[PDB]
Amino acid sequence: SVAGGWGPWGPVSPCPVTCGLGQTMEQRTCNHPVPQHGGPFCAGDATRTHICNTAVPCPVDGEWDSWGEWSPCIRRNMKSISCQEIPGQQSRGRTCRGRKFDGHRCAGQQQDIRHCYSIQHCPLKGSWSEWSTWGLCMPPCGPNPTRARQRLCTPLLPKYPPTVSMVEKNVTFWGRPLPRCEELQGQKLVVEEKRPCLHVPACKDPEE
């Protein structure tokens, strides 16, 4: 007489997460209409798995950005220590990024500090390096990819102590010295070979 029909999908439980999406079940009933006097029951499943959306954002913990560059090597009550066996100090910083909806602040040091020697602009004796390996082809996707290798007047660094104290901490050389070489192929600092990269392929997104 009356063939059963399914009512609408409805939830069976509260969504089990307090933020973002979760996994629940929805159910429906054969009562739209109810079967009567020998009419068929509803075909298919009364139950299914469903994603439930709370539409509520979860907390997001902050995350350190990358360390910045080292500040210049300096000593507290000295105009300059460069080209001298006088330990200085330098620092670099990072920012806690992306902390949101009551997420945790980033733990540990916002500032990084170390002992240095300044050889900034310091003239040193040099010797010529052997050829570097060929660099990358630049620009890699642009018009005329060329690769390079160099010989550099590399500086001979002073035989200073690796460590220091306040009655042992590591001391690092910092700064671009001015190394002194015999002229090689008309150059005082850098000799370069360039050459074109051959049969260059067009670079096309590998996600079409």
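Positions refer to the first chain, counted from 1. What we label the rigid core is the largest C-alpha set whose atoms superpose within 1.5 Å from one form to the other. What changes on going to the form deposited in another entry:
For the rearrangement between these two forms, modelled as two rigid parts, a different rigid part is recorded for each of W67 and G7.
The chain behaves as two rigid units between these two forms, and the smaller unit swings by 12° against the larger after C-alpha superposition.
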Second form
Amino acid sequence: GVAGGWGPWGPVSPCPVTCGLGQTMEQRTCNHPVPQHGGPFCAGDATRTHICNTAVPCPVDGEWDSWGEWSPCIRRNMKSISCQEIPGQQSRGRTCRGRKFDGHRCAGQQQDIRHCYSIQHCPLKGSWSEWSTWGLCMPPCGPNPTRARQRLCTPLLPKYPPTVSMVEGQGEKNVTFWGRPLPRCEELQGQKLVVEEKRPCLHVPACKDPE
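Could you switch over to the form deposited in another entry, since the one displayed so far is the form deposited in one PDB entry?
Keep in mind that what follows is only the chain, not its partners or any molecules around it.
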């Protein structure tokens, strides 16, 4: 017919990605209807750049989550090694999260193991620390923020070797103190373990999301 009218847009070439979206050139044809007998041709662009969607998910590689807490310091042949110069062992783990659609696995250790001495509930001589620096104002956004500092009854750690060779063959593994001991100090301000002072924060600005 005389009238020109564009047909539908369509890709020129296959989407140049194997997953997700990509950009491709697209085109359309003046054939809906075809101009004929000198009638006007379709006005406008015959081509454009445009998103193409494969609709196929891309691989997603796994990533480690954060390590969990160390397990209790223990030695497999013994009921309790607390408060003795006996290395035990301890471990913690983490999990590979998010792997999907043939993404890579997480590389590295799933479990971390170390040697340790247990001072869990051990009495130890204590001394009062000097004041810590003031902490953050808490709650940061809630009514009336306050910040704190502390003096702590700090235990004297027993003077064991920091490294030990478990095997006759040479090899000095670190050994780390683990557990909450029971430090002994005379009281300060009526307290045996922590003395704390607090101060309001002043002219607190509001928490507004910049967004």
